[PDB]
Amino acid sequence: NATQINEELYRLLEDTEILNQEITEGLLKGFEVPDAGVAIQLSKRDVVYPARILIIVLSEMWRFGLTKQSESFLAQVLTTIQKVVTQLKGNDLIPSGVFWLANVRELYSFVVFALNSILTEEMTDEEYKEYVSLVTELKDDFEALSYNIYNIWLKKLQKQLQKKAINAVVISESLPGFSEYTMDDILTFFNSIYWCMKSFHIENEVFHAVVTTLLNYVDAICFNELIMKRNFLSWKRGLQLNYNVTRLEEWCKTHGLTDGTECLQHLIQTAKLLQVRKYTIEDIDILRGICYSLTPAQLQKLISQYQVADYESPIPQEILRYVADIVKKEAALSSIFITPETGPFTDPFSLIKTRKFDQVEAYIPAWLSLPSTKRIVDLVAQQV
């Protein structure tokens, strides 16, 4: 009976005390991410199950005109999701962050869809006014949420790289003995971003933005460490740096990026500088063309700090003064560090068309224990 289903639905939805607690503590804070990787085939419903559940609840509240209940519910949802992303850390950081990006994108896409449906197809006409106004604000709130959690997450990713990439790129020996975190750890990290985004059906533009931002970041912070080191830069260190950096560049090539080489140019060009001949004037003129991303002052620091090995010819004084003169020259034509980009960053989701919404069957997973929420979804499902 439609009326009995409607009455029961109505009482479930007006009882926001019980419902908000279920949603915020059980569904949102209690989220479980599905597995990601090469042999994994996830349906979209396994990835965005929290968003789809929220969408069912939300729309039922609107259908019954529980506009005040929806506002209460939504404020809790917005706060909780942002809070959840703020608390992400450790091994879970990449999959949980991508998970929440997917879900907030699904929510935002729904609201965009609902707003267009309201304006196009659709009890006081002044209540309708307040309604359009509510959904419009909700669209802005989810846009802000997406931006916020994208930036919160991306900053946490940068810090994990500040922690690992410097040791892996600059310090760890690709050739042990030649001269904690290794390039393998760095590759694992970027692979995890790749496979979580792939498996969780994330739009490729977003993958491009995230990884380009992080590669530029690795480039800046590792370069800055390298250029301060005064008893370290040498041919051997250059060969090892080459092997570390090339591995990251080759990963970029097989994982959809064509601009990875451009993001790593300061590291790549430093490795070259550390390896090529630095003995004649022409050597230096050639080196300048190879190192087109390095300033003369940077060339000078790197060259003047270069450490010759036993049986290796010293860099001649003639060449050191040539370089110093190129620096004093270009100075007379009016930092050595690269400023790391720390944001905030444009939300790459905001640049692409939203998910066109096809109405999907009411579904709520099995490990969940959400009595009211599950009854709502079951009752909605019965009306179909």
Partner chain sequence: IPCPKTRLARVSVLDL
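Take the two forms, find the largest set of C-alpha atoms that superpose within 1.5 Å, and that set is the rigid core. Numbering follows the first chain given and starts at 1. Residues that one form lacks are left out of the comparison. Compared with the form solved in complex with the partner chain:
When both forms sit on the same rigid core, the CA shifts between the two forms reach 2 angstroms or more only at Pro34 out of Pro34, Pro340, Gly343, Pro316. Every Cα shifting by 2 Å or more, across three or more consecutive residues, marks a moved region; comparing between the two forms on the rigid core, these regions are 34 to 41, 175 to 178.
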Given for the second form:
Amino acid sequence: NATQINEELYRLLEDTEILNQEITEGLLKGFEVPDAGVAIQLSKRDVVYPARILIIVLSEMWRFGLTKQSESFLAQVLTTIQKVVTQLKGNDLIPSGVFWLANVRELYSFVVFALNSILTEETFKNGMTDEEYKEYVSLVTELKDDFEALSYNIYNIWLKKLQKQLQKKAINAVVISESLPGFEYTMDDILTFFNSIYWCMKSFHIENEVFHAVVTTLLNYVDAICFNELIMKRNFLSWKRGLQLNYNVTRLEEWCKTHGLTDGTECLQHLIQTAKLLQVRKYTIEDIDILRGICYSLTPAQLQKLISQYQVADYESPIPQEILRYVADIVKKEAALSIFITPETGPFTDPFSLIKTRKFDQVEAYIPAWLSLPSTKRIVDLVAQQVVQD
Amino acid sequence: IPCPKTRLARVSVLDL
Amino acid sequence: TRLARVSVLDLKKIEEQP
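Now the other one: the form solved in complex with the partner chain, given that the block above is the form deposited without the partner chain.
The next block holds the full complex; its first chain is the one shown before.
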């Protein structure tokens, strides 16, 4: 009967000490992301199952007016998720983070959907007193704000971790790696990293703006650190080196062009222009005047630095002292009128906050076969029975 | 046990 | 709850994670 189901449901829902353990250990900390691989497409069902489970439990708590229970429940949910994202490392960094980014997004979008309802439809005032409704509204509101905070947090944390993972590979792959014959990580490693980001976000049904934001940030970061590596290289900067650098950066550019990013070049401006300098002639004063127009993103001090560390090749005529003089004279000129590019460290704006929330027409009751959650499964199954009856 | 309010989440059925 | 948004120092703490 219905009252039986409601009874056992109540008994299960007020039992916070078991539900919290099960949720925070088996579902959150014991999360298993599809180890199949990032390139492999999934149904949303297999991506946001924890959030949907949490949504069913929460909505059923709110059904029986268990506000305090929901408070503790969601406090531990938020804290646990942020902690889980904070502790990520290794080969699981990309797939796991995105996973949680999906789930948080699934949770937020629901909380939002709840608030609106509570405010819009009068029916939700029927079974509760004025001040219970008041504290209810207060709860859901503050919860919305807290989930904004959580989304922001795990996004920035994950992105910073990504920057950390790029740090090592990118400098060796872009500055030191030599692809072309006749002129350890390579460009294939970088390209593989970005391939993994792209495919992961694609398969976990993540919105594109987030992808654009992440890759833009990471690329600006690479441009910055690699420029900061180049402008310090002393017995390194040459025409051949310029050629190979140009080739590598070109590979990144092609990756951007082929993966839907229009503003890649703009994100790689400093490396592109440093590559352009090292190749164009720097013998005539005319050549330097043209060089000023080509490197429209480089300060005269940086130009002077790059030029003053140009390593000449066999039988190659050195950069004229008249030219070094002229350049130092333009630097002198515009000094009156630092050389390193400081990399943006974050925190950045959450891209999820710049798009519409996910609509919530329906919630699918589904608890993955391999999952071990007795109480939660009992709750979801009871609710499912109740829906089957109606 | 208290009277049940309207269920917010529109729970959908599923079968295998 | 009342979760606090991450700052620059927090991100710097995360940077030097083992």
